[PDB]
Amino acid sequence: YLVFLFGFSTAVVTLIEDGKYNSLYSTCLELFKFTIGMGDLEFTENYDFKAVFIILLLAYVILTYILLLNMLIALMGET
Amino acid sequence: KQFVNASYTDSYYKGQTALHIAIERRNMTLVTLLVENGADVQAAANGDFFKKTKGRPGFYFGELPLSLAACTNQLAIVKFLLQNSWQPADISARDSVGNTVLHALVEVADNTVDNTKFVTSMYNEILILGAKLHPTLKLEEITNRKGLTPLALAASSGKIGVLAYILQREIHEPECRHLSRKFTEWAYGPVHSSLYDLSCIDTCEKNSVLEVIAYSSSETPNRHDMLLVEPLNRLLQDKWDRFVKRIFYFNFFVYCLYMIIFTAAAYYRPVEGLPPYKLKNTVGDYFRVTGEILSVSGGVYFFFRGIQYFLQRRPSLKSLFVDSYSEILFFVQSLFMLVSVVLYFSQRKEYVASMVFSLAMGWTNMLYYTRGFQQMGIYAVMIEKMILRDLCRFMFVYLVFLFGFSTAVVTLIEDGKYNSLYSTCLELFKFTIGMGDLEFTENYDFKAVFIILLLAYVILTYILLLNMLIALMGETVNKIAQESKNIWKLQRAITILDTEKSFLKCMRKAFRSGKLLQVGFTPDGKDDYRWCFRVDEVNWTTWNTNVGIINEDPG
Amino acid sequence: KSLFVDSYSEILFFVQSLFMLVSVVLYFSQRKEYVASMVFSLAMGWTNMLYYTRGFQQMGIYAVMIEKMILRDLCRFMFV
Amino acid sequence: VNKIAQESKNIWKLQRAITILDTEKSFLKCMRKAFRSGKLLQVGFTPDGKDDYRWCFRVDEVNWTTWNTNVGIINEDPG
Amino acid sequence: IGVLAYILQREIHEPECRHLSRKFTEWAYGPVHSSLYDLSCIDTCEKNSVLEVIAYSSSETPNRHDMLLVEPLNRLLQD
Ligand SMILES: CCCCCCCC/C=C\CCCCCCCC(=O)OC[C@H](COP(=O)(O)OCC[N+](C)(C)C)OC(=O)CCCCCCC/C=C\CCCCCCCC
Ligand SMILES: CCCCCCCC/C=C\CCCCCCCC(=O)OC[C@H](COP(=O)(O)OCC[N+](C)(C)C)OC(=O)CCCCCCC/C=C\CCCCCCCC
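Chains as they are written, first to last, in the entry's author numbering: chain A, 584 to 603, 627 to 685; chain B, 187 to 603, 627 to 764; chain C, 504 to 583; chain D, 686 to 764; chain E, 346 to 424.
Among the hints, erroneous ones may be present.
As a list, the in silico DSS-like pairs of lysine-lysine whose alpha-carbon atoms are at most 30 Å apart [to be verified]:
(1) D/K688 x C/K504
(2) B/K639 x A/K603
(3) C/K504 x E/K368
(4) A/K639 x B/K735
Keep in mind the hints are simulated off the structure, nothing from the lab.
Full structure from sequences and hints, please.
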């Protein structure tokens, strides 16, 4: 999960142009919020190519929230 | 002659002879009578009914009476044909496709207990008889039209039982024990040291067993299970622990450095407009240009390694998108990098989009190196299986439901911000991640219809489908432990073979074991060395047999 | 008794058609409630695509499992 | 989910059988090609000397144990 | 289900009474033999065929989901 979070957060922060969320820490926190049921999906607009932003966010959400956490529940059940 | 040798002329039964019919019916007396009157024992049944699979009906047995008798479990008839006083059968004869009796025996194997026992027993009997009659003949070294020996044919066809029998073959009969592939070097009390012949296992220059199994197509019946046969697992572990672990660790370190440099270079991209960007005179600018050069170099390297793979392995366009997922992923990342460079030098801003896609793919590609550690590798295999089955079914059904309910809701809405399909789709998707509003708009009539639609969608997706996905994931996880372990082992075998084929710089130390005498001498007085692999075993029951030991003064 | 314990797809398709026809009737009576009936019909029609999962083994068994979940677990949970 | 694998498979098979029967009963436009198998002699003749055809369905089987019984075979020159 | 399975695969090897059987052996070459299944009154009888009776049976029939597993029926439906 940490590998995936760092990769997608670096991609998103690279896409962002300027503003409050042009820092690695801020974007990392914004993306971690998705894990605890508080993700925004529209936390910033300082970019071009809104499609790239939404595609990145959706891919991260599908890979982590919908797959990894439920798989963790299943593996815990096995153990 | 011309009466006891008459044969069918129809293309379906072309080549059939009365000897074949007598052999099939399991009649020894009739076979002897026919052979006495000059029946030819080299008659070939070339009819279409005797082909392997072309046409649904048929039974392939090698087309020769000896092969027919062997494949039908008639030991007495086989022996009679081999050592008759009228016309002895040729043990080294090949059929149209070049398959001998052993090739046909491998072909008729189907991985069942009774069939496996029959085939292995008949193989052993034929080998012993051939050694007795012609001690100078190498039956197992004869290749067919495809250029495969019986061992290679068994390995490439998924005949796990025959492969297991061959690799651990032990013959304790003097004057014929040179045919064995497993030997006992010494035995002291309960512990004995065994030697496994590795000829044609890890290096044959045509097709070794390891290469054949590792690079087999996705349709091979038992590709993931064939590496569990005794010697192969230990051999692969030995190669790993001797050089491949260290080469793999170095590769992982280099990839980590490359990704760190790429991330740093992309983080500090200038924001001025319309690249290319002029080089300022500062240390930071020089570092940022160096990083961008290194990233492009890595992208080019991965692009060329993908091209080289696609050329060397030649995927059949079905193994392309059902096997080799990592090759495709790395190639696509390199493609994004190169497209980004091209856009950058055309004065386009879309190079940033391509670059961020490349960066995300590169960071997710680190999961490839989990292979090399058992627990993480099996975890990654399980992740792959989850994605391939459970997430794919769930996503299909969920997308259908989401689109249907979003179209209904947007149709109900009258005007405003949410009168677009994209906006309503996003609003309804927010419910999946725990952020649904339930009151995000009021631009409608019939509030009851709006709330009913939202509640129905919530119940159908959030409360049912996601929890059902968790349950199905639990079932799948429960059912795939051994399969995932075997797949991880095959992945590591492929890594080991690739490293061996393309060693780090120049050191070809990848040699199996010691060069030893294991049976002393062939039927001729000359002595033989075989390149054996040593395995130590401890046994307490059956305290002492110590037959056939090669060497005194153990140790 | 087989009407409401068997034949679920027949009833679902029939109810969707009923919503469509009621929508038409309301439309020609100068009523705005035709929109409500139409959106109900649209949602039912999109969810009815799950019928065609039969014809593929894995998706068909997945749909059967969904039906069983709805019939037992969701019904007890929803009551309580 | 753990307890209903076989039941779900059987229910899916019954659903597909119902679909097949419905399609047969009401074919697409006019082509009634929905005939089972070939028209063959299987026992030769009834107790009376007359011969009988039955509309049989062919299934091929491979068996290795009990190598050869070959009793009651209808037809020579197999294939 | 037991009676149905017995009837559909009935094989009588006694001469002068084997015309009563519903399963036959067309030919046998070595380990592979071809079997013929009588399909009379199975997929079309104009009164009530076995397939129609099972498919359109009421929900109270004891083994409606399991009766299609009897040997010939599954292969016939797949064909
Ligand atoms: C400049 C460069 C241009 C390139 C642009 C492309 C960039 C995108 C990045 C990568 C794309 C390439 C990588 C994909 C390779 C092919 C994968 C595939 O296609 O493999 C199909 C599988 C085949 O193997 P199999 O069937 O036997 O699997 C079971 C396996 N067994 C039974 C053997 C165990 O078949 C299946 O079923 C799986 C079918 C789908 C698999 C993918 C994931 C499905 C799961 C969830 C989808 C989530 C996103 C959906 C979209 C949502 C948006 C709102
Ligand atoms: C203009 C047109 C006008 C028409 C307007 C109507 C539109 C609405 C759309 C469709 C309605 C028709 C479709 C319903 C057909 C009857 C379904 C039913 O009724 O089947 C009752 C079942 C009987 O089969 P069974 O008992 O043997 O099931 C176990 C099965 N076995 C044991 C055999 C395996 O009996 C049960 O137990 C299940 C009892 C309830 C089943 C439904 C779902 C229950 C689960 C969750 C409810 C979630 C919503 C609750 C409301 C929340 C609002 C806040």
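Outcome of the hint check:
no., hint, in the structure
1, D/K688 x C/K504, "26 Å, holds"
2, B/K639 x A/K603, "23 Å, holds"
3, C/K504 x E/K368, "38 Å, violated"
4, A/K639 x B/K735, "76 Å, violated"
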